[PDB]
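Colleague: Listed below, chain by chain, are the residues.
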Amino acid sequence: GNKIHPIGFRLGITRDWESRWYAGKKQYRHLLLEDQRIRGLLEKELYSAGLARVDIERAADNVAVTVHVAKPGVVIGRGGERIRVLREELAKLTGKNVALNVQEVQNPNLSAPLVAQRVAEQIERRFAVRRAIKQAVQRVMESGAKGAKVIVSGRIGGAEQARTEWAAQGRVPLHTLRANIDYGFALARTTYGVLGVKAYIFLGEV
Amino acid sequence: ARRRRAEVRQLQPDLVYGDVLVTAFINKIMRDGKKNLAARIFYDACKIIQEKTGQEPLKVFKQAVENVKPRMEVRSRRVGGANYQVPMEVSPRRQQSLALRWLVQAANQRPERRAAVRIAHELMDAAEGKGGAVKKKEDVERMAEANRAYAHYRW
Amino acid sequence: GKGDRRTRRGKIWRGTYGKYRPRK
Amino acid sequence: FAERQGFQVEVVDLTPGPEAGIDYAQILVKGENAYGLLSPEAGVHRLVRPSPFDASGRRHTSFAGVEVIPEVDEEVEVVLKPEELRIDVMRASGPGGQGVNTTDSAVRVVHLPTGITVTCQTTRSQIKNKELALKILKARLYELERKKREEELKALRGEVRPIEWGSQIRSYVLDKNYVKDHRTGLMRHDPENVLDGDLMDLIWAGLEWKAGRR
Amino acid sequence: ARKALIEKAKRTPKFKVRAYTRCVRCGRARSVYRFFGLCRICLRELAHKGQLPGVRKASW
RNA sequence: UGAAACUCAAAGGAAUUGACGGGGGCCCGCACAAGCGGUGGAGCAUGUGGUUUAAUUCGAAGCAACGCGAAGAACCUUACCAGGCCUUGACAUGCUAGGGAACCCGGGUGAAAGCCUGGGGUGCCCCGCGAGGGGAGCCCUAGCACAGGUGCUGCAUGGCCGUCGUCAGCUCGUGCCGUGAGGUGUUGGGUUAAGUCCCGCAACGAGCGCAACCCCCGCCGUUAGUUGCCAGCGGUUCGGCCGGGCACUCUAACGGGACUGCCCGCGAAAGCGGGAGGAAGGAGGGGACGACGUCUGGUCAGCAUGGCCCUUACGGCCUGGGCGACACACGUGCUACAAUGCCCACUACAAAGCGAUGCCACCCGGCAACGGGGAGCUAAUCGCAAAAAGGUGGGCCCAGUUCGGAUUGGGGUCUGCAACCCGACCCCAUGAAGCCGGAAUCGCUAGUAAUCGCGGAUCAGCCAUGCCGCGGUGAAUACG
RNA sequence: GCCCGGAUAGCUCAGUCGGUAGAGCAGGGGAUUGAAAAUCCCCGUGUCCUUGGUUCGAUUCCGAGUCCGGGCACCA
RNA sequence: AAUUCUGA
Ligand SMILES: [Mg+2]
Ligand SMILES: [Mg+2]
Ligand SMILES: [Zn+2]
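Going down the list, the protein sequences come from chains R, B, F, W and G.
For reference, each letter of the first sequence is one residue, going 1 to 206 in my numbering.
For reference, each letter of the second sequence is one residue, going 1001 to 1155 in my numbering.
For reference, each letter of the third sequence is one residue, going 2001 to 2024 in my numbering.
For reference, each letter of the fourth sequence is one residue, going 3001 to 3214 in my numbering.
For reference, each letter of the fifth sequence is one residue, going 4001 to 4060 in my numbering.
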């Protein structure tokens, strides 16, 4: 039982936050709770896009909701009906100006949360996990990178003897700070146990 | 201490006598790092010297601390099922440490209720070759020599 | 001693004030 | 269990042993209608749990037997009144003199309701030999009249005692956590709770399954 | 006794003494910093994800 | 010379890779030695076994469980018991019916929960001023599908964390050798904390490891000036208090510098020793980081979730009891046995954090805890706040005492609806055992051990002696 | 039945001129070991068979009885 | 010069 989260370890430098906004010790509670109620509602209606991140800035009485995705589409619809009914559901419980935004992800294979949900689906759709991993990893390194690593917990195939298939490629020094490595973690939900998957995508440096 | 031969920490020269040793002696009288409430007692003893012998507490030191230095003590070893506690020489460095220690302990034994009195007196009897610290010196030297039977065990 | 509730350190170790440790 | 219902305990015997556990435990519990309550719990109780006396902690099974017998007869008295005894006085045999030929020294005490006959010729008198033959007939009786209180009581207990793998009355397993009464078929899920004295119910059922076939 | 418990953690009935803290992510009742309002677990999992403004692993 | 009955699904040879050795060789860690202070003795605080109680919920079990969950159990918490009640239910969705559709306010019986019962009256879609009701928020009674479970299964699981281990290790690709398992690389030689590196070598590279890249502390500077200042002087009632000033102090941001670069000794190099210069050397002192993996370890009771089980109760609510129970037993801690001491009076030096139904300057009452008033503070500008040991001078004079403070009796203050269980403080009177502790046993190699005090977290208050930080004084020993 | 000897901690045995109750083992607590045994510390442990007497008072000295271990029961 | 660990 070792290894610690590679995000909270890079926060300082390397990786940036995901919700920056100063606050006073009398609101922080209520406001921070708001951000959660947002990631909670954005959790459901948005999974079809691949919410690979949700940065939220806030100066005061406003919100800088930015939902980064690799495939927008369903986020808006074809003009402005969905992304409009989302600002609706939003302020339908948030007293502020939900200033929404939407980025794009050019290489969806180089985004951990994506590759995570990806395999997380190949699992629920009964696929050779032994394959799906060596294939999802055989997708990154080719589509440009230097390191790749995926991990799946016990219950592969349903065997009661819970294993844990490793599988990585390239380089992945989780000890080296100057590197920036994308980390992801999705949860397959099948009839038997409740598997877990981790994605490790290596990128830049300096 | 298996790699380096450790290091002989440095003693800051005294701040009255200028002796790198007149401090090593106070340090042993220092309980809880209170060198002020320690050196005080010591200096209050030096006044019991100059107030009970014209001898300046300096030769009462280089003498009482020299008449206590054990030439050889016993350091046990075991060759294999051998309860042989071999006798052997003492490192000039060690000697001092063993001395000063026995001096404080001995001091802390006398029936004098104050303190500096004890240190002063024990220093007098030890310079005058008859203090409880020397009692431990001969006691130690008896064990030694008396076992010269183990002379081929000078590890 | 540090448990004698009727002295100096009695209150020091305790963290209170009383007849045996008035407010300066 | 016998301290919750209100009954009183007497530890007639308890004895340790080598490593850990218990060698023999014999207890006497009183109170009104006590045997009827601990009569169904008479057999071999199986246990299945992770073995603490193993390094790997493997799942292991343990067997132990429980016997139950009430306190009926207690006295010890065999006063053989010379009512059923046929004493004979035959002439002594062996050495002696005129007196061994002419004195009816030898005696034969005959136990008529049994068939056993003891004889004595050790001494030279009849009244000391019929009395010495009763100090012997009483002895050989004190072993063949107690041998029947050991043979009428070795088939009076029952039969369930092999302790083998396959002779269990109830199974206690803390692994998956449940109790299995192999007589009635019930499967209780509180094993750590049954190990405190809550037995009224499986004794309720063992007194229906047992006295339901006769 | 968890859901039906937070449904008593929301109001502030008779007296204030029975007013007690409670995490927001889960029903944690112990180790809850009035400040954030979250237990030490949720708190740690969030401070790790980065969803916490200005929070960062110390070091001295 | 030499069988059978019976019985077993193997007995067996050599050769891998490991593990183990009361085998060997080389080299590490407060592992022992060296050295200091502590436990186990006493009283007490806390956790645990046991025992008992109707219940004393539960888990954790050698190191790696036991001041551990628990960083705040009087009802709350609360999951346990006794008792009173509620069942569409405290909550999420949705359906159906006439009520009813925002809504606020009484009475009665009961300990409370709950059941009963008394009123104002509901904008609104809107044919329509209207009789009416379509009406959306949406509350009430009845019905259905459901909700709920801290009930079980941590060897069904996720995630997270402990330990080996801050150990020097573990692998892959290709080639070669071996029929193969498998080895070689990764051995030997030397060095280092290190599979760090150097040299050879059927190997050549590479990956996960260490390191470095991150922060704190030390030396220096640039920019910055309501903290600091006669460094310069001014007036200065005399407190940087005034104006006035960035040279210091400091505060936070960006950089330099140390790298074995320079000399000399050794070696083929790597590298080691010592010397200087330098504030600082051979990883300068601390963090943070902890590999393939082991322990079917622990955790369904933080959350999630497979599976089993109950659903007018295994759910929900309530007053109250319990988790605090004591003839015993183990662990971690606190205060002590004292003169390098205790008590008494007076006066000084820190750091890190923390304060609006919040920390409280200063007066007045009360010996006091504590209570009135009231100013200042969104805080490098006011307060919490006195740091303590110490420096200092006056009395105890070695007696279980002016040591030590357990226990008990009497009196009060403060939160809190409420201190019998069961709180923290104040005063008086009580002053028990303990005179350094059998066998065994704990930590630490330097600003460390010891000693002394300050802050925070949770929290109304607190059983906090626990935990996480901060600073004052400041050692002995290491041959091996 | 005669003569001789004994019973004392749960077990096996010692012991006093009458006033003192002891040894080894067992058993309990702690300690070591991962845990057992072995080892080490710390303790407790009795109408001295019952029933009478003398004595100031008896586990001991005499009387009776109960049980146990022995030796004796020959000449005809 | 110092014994033992059953059986998924
Ligand atoms: Mg060290
Ligand atoms: Mg054996
Ligand atoms: Zn939580």
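Some clues are possibly wrong.
What the hints assert, rightly or not - DSSO-like mimics (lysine-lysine), calculated; alpha carbons at most 27 angstroms apart, straight line: (1) G:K4014 / R:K44; (2) R:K44 / G:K4003; (3) B:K1059 / B:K1069.
Keep in mind the hints are simulated off the structure, nothing from the lab.
Colleague: Run the structure past the numbered hints and jot down the numbers of the failing ones, going up.
Modeller: Violated: hint 1 alone.
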